[PDB]
Amino acid sequence: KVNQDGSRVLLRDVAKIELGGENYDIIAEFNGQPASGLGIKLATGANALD
Amino acid sequence: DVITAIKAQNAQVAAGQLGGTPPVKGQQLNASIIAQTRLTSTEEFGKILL
Numbered sequence: 252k253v254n255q256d257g258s259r260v261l262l263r264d265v266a267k268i269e270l271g272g273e274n275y276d277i278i279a280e281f282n283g284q285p286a287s288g289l290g291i292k293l294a295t296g297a298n299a300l301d
Numbered sequence: 202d203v204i205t206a207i208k209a210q211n212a213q214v215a216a217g218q219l220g221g222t223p224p225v226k227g228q229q230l231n232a233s234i235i236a237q238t239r240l241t242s243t244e245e246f247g248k249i250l251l
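So the protein sequences, as listed, match chains B and A.
First residue of the first sequence? That's 252 in the deposited numbering, and the numbers climb one at a time after it.
First residue of the second sequence? That's 202 in the deposited numbering, and the numbers climb one at a time after it.
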């Protein structure tokens, strides 16, 4: 907005502009410690071993 | 005027959970909000503020 006294209301003054994630639904830790990872799955037919 | 009402009046909206996405310390109830959902009858349809 641009209030009557002509100041400025910008996001900073209403929204805490951070930088988090898409979801806060998956929380993972390795050995009780904070971590991420990827559940790499085997495509049909291909060799697990390869 | 009729069309553009059977739209608004009969639709399916969104509304997050209660916790889920990042909550506050020590919260306890997470539930799911259920806002506007489609009419299901000639009754409910008969009544539309035009």
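Misleading hints may appear alongside valid ones.
Sample of chain A residues with no beta-carbon within 10 Å of chain B, all distances over it, derived [as the list claims (entries may be wrong)]:
(1) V203
(2) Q213
(3) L219
(4) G221
(5) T222
(6) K226
(7) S233
(8) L240
(9) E245
(10) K248
(11) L251
Listed below are the simulated SDA-like cross-link pairs for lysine to any residue, each with C-alpha atoms no more than 25 Å apart in a straight line [to be verified]:
(12) B:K267 <-> A:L219
(13) B:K267 <-> A:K208
(14) B:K267 <-> A:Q228
(15) B:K267 <-> B:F281
(16) A:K226 <-> B:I277
(17) A:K226 <-> B:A286
(18) B:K267 <-> A:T222
(19) B:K267 <-> A:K226
(20) A:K208 <-> A:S242
(21) A:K226 <-> B:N298
(22) A:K226 <-> B:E273
(23) A:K226 <-> B:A299
(24) A:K226 <-> B:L293
(25) A:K226 <-> B:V265
(26) A:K208 <-> A:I235
(27) A:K226 <-> B:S287
(28) B:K267 <-> A:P224
(29) A:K226 <-> B:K292
(30) B:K267 <-> A:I249
(31) B:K267 <-> A:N231
(32) A:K226 <-> B:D276
(33) A:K226 <-> B:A279
(34) A:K226 <-> B:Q284
(35) B:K267 <-> B:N282
(36) A:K226 <-> B:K252
(37) A:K248 <-> A:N231
(38) B:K292 <-> B:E273
(39) A:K208 <-> A:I249
Keep in mind the hints are simulated off the structure, nothing from the lab.
Each residue gets a CB set at the ideal place from its N, CA and C atoms; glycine is no exception.
Quick check: which numbered hints come out false for this structure?
4, 5, 13, 15, 21, 23, 24, 29, 30, 35, 36, 37
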